[PDB]
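Once you've looked at the hints, dock chains B, F, E and A with the ligands against the given chain L.
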Amino acid sequence: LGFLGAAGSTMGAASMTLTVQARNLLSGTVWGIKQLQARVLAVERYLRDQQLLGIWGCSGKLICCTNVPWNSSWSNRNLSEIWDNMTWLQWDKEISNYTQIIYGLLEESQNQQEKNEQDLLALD
Amino acid sequence: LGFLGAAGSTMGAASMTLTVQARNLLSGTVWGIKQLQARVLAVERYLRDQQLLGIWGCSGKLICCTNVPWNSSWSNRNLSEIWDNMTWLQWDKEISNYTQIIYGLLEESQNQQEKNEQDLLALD
Amino acid sequence: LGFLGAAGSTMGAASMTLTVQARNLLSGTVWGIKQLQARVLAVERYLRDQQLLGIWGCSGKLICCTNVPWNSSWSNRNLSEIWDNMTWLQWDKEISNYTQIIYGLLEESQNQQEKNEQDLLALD
Amino acid sequence: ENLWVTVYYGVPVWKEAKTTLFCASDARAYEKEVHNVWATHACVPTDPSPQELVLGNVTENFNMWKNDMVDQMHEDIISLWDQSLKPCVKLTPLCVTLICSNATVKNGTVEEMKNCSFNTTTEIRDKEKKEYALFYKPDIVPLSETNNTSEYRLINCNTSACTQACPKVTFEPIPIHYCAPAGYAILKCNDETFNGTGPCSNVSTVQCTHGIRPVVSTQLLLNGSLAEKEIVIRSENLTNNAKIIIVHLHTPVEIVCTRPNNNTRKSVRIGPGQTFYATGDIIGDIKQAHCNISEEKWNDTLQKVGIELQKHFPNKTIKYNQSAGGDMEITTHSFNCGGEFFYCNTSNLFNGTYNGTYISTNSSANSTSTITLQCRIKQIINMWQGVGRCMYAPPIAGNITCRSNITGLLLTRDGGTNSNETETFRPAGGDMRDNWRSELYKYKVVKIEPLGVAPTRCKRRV
Amino acid sequence: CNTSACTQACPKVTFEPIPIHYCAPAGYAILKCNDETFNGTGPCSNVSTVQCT
Ligand SMILES: *[C@@H]1O[C@H](CO)[C@@H](O[C@@H]2O[C@H](CO)[C@@H](O[C@@H]3O[C@H](CO)[C@@H](O)[C@H](O[C@H]4O[C@H](CO)[C@@H](O)[C@H](O)[C@@H]4O)[C@@H]3O)[C@H](O)[C@H]2NC(C)=O)[C@H](O)[C@H]1NC(C)=O
Ligand SMILES: *[C@@H]1O[C@H](CO)[C@@H](O[C@@H]2O[C@H](CO)[C@@H](O[C@@H]3O[C@H](CO)[C@@H](O)[C@H](O)[C@@H]3O)[C@H](O)[C@H]2NC(C)=O)[C@H](O)[C@H]1NC(C)=O
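First to last, the sequence lines map onto chains L, B, F, E and A. The first sequence maps to residues 520 to 547, 569 to 664 in the authors' numbering. The second sequence maps to residues 520 to 547, 569 to 664 in the authors' numbering. The third sequence maps to residues 520 to 547, 569 to 664 in the authors' numbering. The fourth sequence maps to residues 32 to 139, 150 to 185, 185A to 185B, 186 to 309, 312 to 321, 321C, 322 to 354, 356 to 406, 409 to 505 in the authors' numbering. Take the fifth sequence: its letter number 34 is residue 229 in the authors' numbering, and every next letter is one higher.
One chain only, chain L, in its complex shape:
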């Protein structure tokens, strides 16, 4: 399936082969400052996602359950309609509006959960 063969196929199909896309953030050697600009832009853009996914406690690579529940008003759908027939490529378009509150919740939930790993370790 390579770089984007999983696109269009169902979300169940695209749930696998994520590693093929994660491995594809290298390219190029340089003439002029334009290509060097491209290299630095790519590195910064990758680290943006890397250091942002990590803040949610998802250091376990690239599929990561979180404690936050799903507010059904966002989709108003059953798990079959979300997953069995739809594709990721349009699902991103459908979910595109609500992202800020979701990211804030994922930030704060792990921000407050992290201290409890100290609290349930200091008894000894």
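Because the hints were derived from the structure by calculation, they are not lab data. Wrong hints could be hidden among the right ones.
[Stated by the list, open to error] No more than 30 Å apart at the CA atoms, straight line, and that leaves these computed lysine-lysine pairs for BS3-like:
{"id": "1", "chain 1": "F", "residue 1": "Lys655", "chain 2": "B", "residue 2": "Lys601"}
{"id": "2", "chain 1": "L", "residue 1": "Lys601", "chain 2": "F", "residue 2": "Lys601"}
{"id": "3", "chain 1": "E", "residue 1": "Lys49", "chain 2": "L", "residue 2": "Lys574"}
{"id": "4", "chain 1": "E", "residue 1": "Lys490", "chain 2": "L", "residue 2": "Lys601"}
{"id": "5", "chain 1": "E", "residue 1": "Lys63", "chain 2": "F", "residue 2": "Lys633"}
{"id": "6", "chain 1": "B", "residue 1": "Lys655", "chain 2": "L", "residue 2": "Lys655"}
{"id": "7", "chain 1": "E", "residue 1": "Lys121", "chain 2": "B", "residue 2": "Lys655"}
{"id": "8", "chain 1": "L", "residue 1": "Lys574", "chain 2": "A", "residue 2": "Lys207"}
{"id": "9", "chain 1": "L", "residue 1": "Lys655", "chain 2": "F", "residue 2": "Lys633"}
{"id": "10", "chain 1": "E", "residue 1": "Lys49", "chain 2": "E", "residue 2": "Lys357"}
{"id": "11", "chain 1": "F", "residue 1": "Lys574", "chain 2": "E", "residue 2": "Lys327"}
{"id": "12", "chain 1": "E", "residue 1": "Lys63", "chain 2": "F", "residue 2": "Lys574"}
{"id": "13", "chain 1": "E", "residue 1": "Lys46", "chain 2": "E", "residue 2": "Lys282"}
[Stated by the list, open to error] If you want a taste of the chain F side facing chain L, the calculated C-beta under 8 Å gives, among others:
{"id": "14", "residue": "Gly521"}
{"id": "15", "residue": "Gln577"}
{"id": "16", "residue": "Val580"}
{"id": "17", "residue": "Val583"}
{"id": "18", "residue": "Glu584"}
{"id": "19", "residue": "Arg588"}
{"id": "20", "residue": "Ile595"}
{"id": "21", "residue": "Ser599"}
{"id": "22", "residue": "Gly600"}
{"id": "23", "residue": "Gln653"}
{"id": "24", "residue": "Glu654"}
{"id": "25", "residue": "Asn656"}
{"id": "26", "residue": "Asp659"}
{"id": "27", "residue": "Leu661"}
[Stated by the list, open to error] Pulled from the structure, derived: some chain B residues nowhere near chain A, Cβ distances all over 10 Å:
{"id": "28", "residue": "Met530"}
{"id": "29", "residue": "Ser546"}
{"id": "30", "residue": "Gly547"}
{"id": "31", "residue": "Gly600"}
{"id": "32", "residue": "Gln653"}
All residues carry an ideal CB built from backbone N, CA and C; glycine is no exception.
Just chains B, F, E and A with the ligands now, kept in the frame of chain L:
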């Protein structure tokens, strides 16, 4: 509290909102080579902390207990005087002298602890 | 032992002090675009190993057991002959041919293993 | 029985590979100004740190003629010289004719120079004035196809317009330290008997190479490093006689060169906001520039080279001859004596033969006696290609002396003769890589490959 | 012509003093002495932080 609103407040207050400061190592688009230099410097400086904190086993984001004890000669204080009234900003100045031995201990302790994860898994 | 003093010594000796080599990916301040090119090249090269070792589930720093068994045809050796007398520096030369299948196995095994962390957590 | 694959990172493993390398220089040079010089102006300050660390046991191979580091140094030096010649005046009005007095002497045996006269622009574009300036003879070419004695021109204005070197920036050989970037390393062949190829017995690692002096000479190697043991001969090949053969001495030979003439600078204005410098007058009497070398020391040195060179020409003689003639920029030992580009006839040095037995420094008529060489001086210097070539070296007042050490030779060999032992060696040179290759024979760059694989008795916990 | 050759300023480019904002890069910060009685040295009493002057 944003970038530095927690500064000056007590270390207990500043223990929270660490995620707000970790999320603030991204900026800029370029004219000339000076701004490009700034971008590369920022990326290298961030990765230095990222890849140095990791060697101490602290891949669990940004609060991380370890096994090395407090040599009381470093501060000569009770946990209340360190924490309940003092602020991080002056605490860094007070602790600024002793850092090399602390970093060496934090390196060697995890260097020798990591093999025991093999040793207590090779029995099977 | 520093940067490369462990070279030539046995693999058992070189198994320790890995942290000394991991800490040695910083250098330089710049005249001209050549040295800036060197900096960007170094950063990209480091991240290539960092984000490739991560795909194998080895976020536990830098020694990481995997579930893939060793096909004895690759070496045809006992654990004593591999480890007690040989050195890493020649072992890399000896193993240099077979790397593609090893990396593919190490990728696919963790790609299929990660979902079971959801499956053995969805019962609740 | 059961063994599972484990991945190690931070491994001590490497490959020899290509990369760009930093400058580096000691801290004392940074007291000086901008553009004076590149060792400060275009190169990073660096204490030679971290210090040298010897490796306890390494299996290693080397080759110094295929090393890319010397080619990188060549590229750096040429492209940096091109940058350094940018901010200075490019002359150009001096392509006007020179009417030069037709002096004649009864073979004075001291080069007279030619005193010339020409027109130059005053402080207005439109009004002109006559000027005069003494020029060294080799840089001045007759103009007419007929037998005219009156008119002349500069040797340039047929290839390109030369650029005056600004006197604010010097030419001294400040040492350069070459440092590899992060992720790479330099492995130093610490063996004392290494001869330029094959395996080394003893290796070390150093972050920054120490003390490379960019000093340029054609035949003799000046102010270089000294070998730890016998006077090793080095060559890429000896079936291919055309391969230049590099000799690296154990002990030095002192050489002192000087220009007794007391020249005086002149200031000639050339258009708005720039000046052309030339020799205005010679104070005192006229005399001859030269180089002096200790006599018995050179004799002993050239016999000591023979006892080592003997082995690869086993049954034959070690006999020496002058260079094979040709262009004066090729045949002569050319170097800079602190501002003046000397060109020395070396024929006094290389004349003799050896018969296999070492001989003492006695008897001696007087140990203070010295062999002397005769050298000319230029100002229009054509040395490298693609750098914008010709550069006009400005004059320097007073007198000069540049006492230095000879620490190597560059030689060339003729073909076989009559199945006879008198095949002879000649000085030669001109490919600058040979100069820098004599100092980089120790080092080699590597790339660290810190990720590796091996099995052990440890499944994953999952 | 006694010093150097002067260069005409092209009339297409002006000389008006358009304001400039100085912004520190990532990892850095600017602290603004918000005190109204500051006299060019010593300690400030009230401080703020701003990304761009
Ligand atoms: C190199 O050659 C140049 C010319 O090719 C020569 O420069 C000329 O030198 C003369 C002599 O100094 C200059 O003329 C002098 O100008 C002064 C001005 O105050 C006059 O007083 C002098 O008059 C006396 O000398 C004349 C003979 O030179 C007599 O004819 C006269 O009656 C007086 O006795 C004299 O005119 C002249 O200006 C320069 N020319 C230029 C272009 O500079 C220089 O001297 C030569 N140098 C060497 C080392 O050979
Ligand atoms: C200009 O010419 C004068 C005289 O012709 C030069 O003077 C000579 O300079 C050398 C420099 O090495 C002097 O060397 C001496 O060396 C001994 C050690 O052998 C030392 O003890 C002395 O203190 C001295 O430095 C030499 O004595 C001196 N005089 C003579 C007659 O040779 C001068 O060097 C020339 N200037 C330039 C810039 O070249």
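Hint check results:
A C-alpha spacing of about 23 Å is found between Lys655(F) and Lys601(B), which places the hinted pair at or below 30 Å, so the restraint holds. Proposed proximity of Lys601(L) and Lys601(F) is supported: the alpha carbons are some 14 Å apart, at most 30 Å. As the CA atoms of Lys49(E) and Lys574(L) are separated by approximately 24 Å, the hinted pair is consistent with the 30 Å bound. Taking the CA atoms of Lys490(E) and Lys601(L), the gap is about 28 Å. The hint holds against a cut of 30 Å.
Restraint check for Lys63(E) and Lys633(F): the C-alpha separation of about 49 Å exceeds 30 Å, so the hint is violated. For the proposed pair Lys655(B) and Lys655(L), the alpha carbon gap of about 27 Å is at most 30 Å, so the pair holds. For the suggested pair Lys121(E) and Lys655(B), the alpha carbons sit about 68 Å apart, so the restraint of at most 30 Å is broken. This hinted pair checks out: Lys574(L) and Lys207(A) have alpha carbons roughly 28 Å apart, not beyond 30 Å.
This hinted pair does not check out: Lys655(L) and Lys633(F) have alpha carbons roughly 47 Å apart, beyond 30 Å. Pair hint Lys49(E) plus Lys357(E) does not hold up; C-alpha atoms about 42 Å apart against a cutoff of 30 Å. Of the supplied pair hints, the one linking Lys574(F) and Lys327(E) is violated, its CA atoms being roughly 49 Å apart against a limit of 30 Å. The hinted pair formed by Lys63(E) and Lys574(F) meets the criterion: a straight-line CA distance of about 24 Å does not exceed 30 Å.
Distance restraint check for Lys46(E) and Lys282(E): the Cα-Cα separation of roughly 29 Å lies within the 30 Å cut-off, and the hinted pair is therefore satisfied. A hinted interface residue such as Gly521(F) counts as satisfied when its beta carbon comes closer than 8 Å to some beta carbon of chain L; here the least separation is about 29 Å, so the hint is violated. The beta carbon of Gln577(F) comes within 7 Å of a beta carbon in chain L, closer than 8 Å, and the hint placing it at the interface holds. Below 8 Å, beta-carbon pairs count as interface contacts, and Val580(F) has one with chain L at about 6 Å; its hint therefore holds.
Here the hint on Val583(F) is kept, as its CB sits about 6 Å from the closest CB of chain L, short of 8 Å. For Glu584(F), the suggested interface contact is upheld, since its CB lies about 6 Å from the closest CB of chain L, less than 8 Å. The closest approach between the C-beta of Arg588(F) and any C-beta of chain L is roughly 6 Å, which is under the 8 Å cut-off, so the hint is satisfied. The restraint placing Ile595(F) at the interface with chain L holds, with a minimum CB-CB distance near 6 Å, inside the 8 Å limit.
A cut of 8 Å between beta carbons decides the hint on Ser599(F): the least distance to chain L is about 6 Å, and the hint holds. Interface restraint check for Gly600(F): the shortest CB-CB distance to chain L comes to about 10 Å, outside 8 Å, so the restraint is violated. Because the closest C-beta pair between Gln653(F) and chain L is about 10 Å apart, greater than 8 Å, the hint is violated. Because the smallest distance between the Cβ of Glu654(F) and any Cβ of chain L comes to about 6 Å, under 8 Å, the interface hint for this residue holds.
With its C-beta approaching chain L no nearer than about 11 Å, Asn656(F) sits outside the 8 Å limit, and its interface hint is violated. At its closest, the beta carbon of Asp659(F) sits 11 Å from a beta carbon of chain L; the interface hint therefore is violated under the 8 Å criterion. Interface hint at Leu661(F): satisfied, since its Cβ lies 7 Å from the closest Cβ of chain L, which is below the 8 Å cut-off. With a cut of 10 Å on Cβ distances, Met530(B) stays outside the contact zone with chain A, its closest approach being about 19 Å.
At the 10 Å boundary, the C-beta of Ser546(B) falls inside the reach of chain A, the nearest C-beta of that chain being 4 Å off. For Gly547(B), the shortest C-beta to C-beta distance to chain A comes to about 6 Å, within the 10 Å cut-off, and the non-interface label is violated. Against chain A, the non-interface label of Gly600(B) holds: every CB pair exceeds 10 Å, the least being about 23 Å. Look at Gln653(B): its CB is around 31 Å from the nearest CB on chain A, clear of 10 Å, so calling it non-interface holds up.
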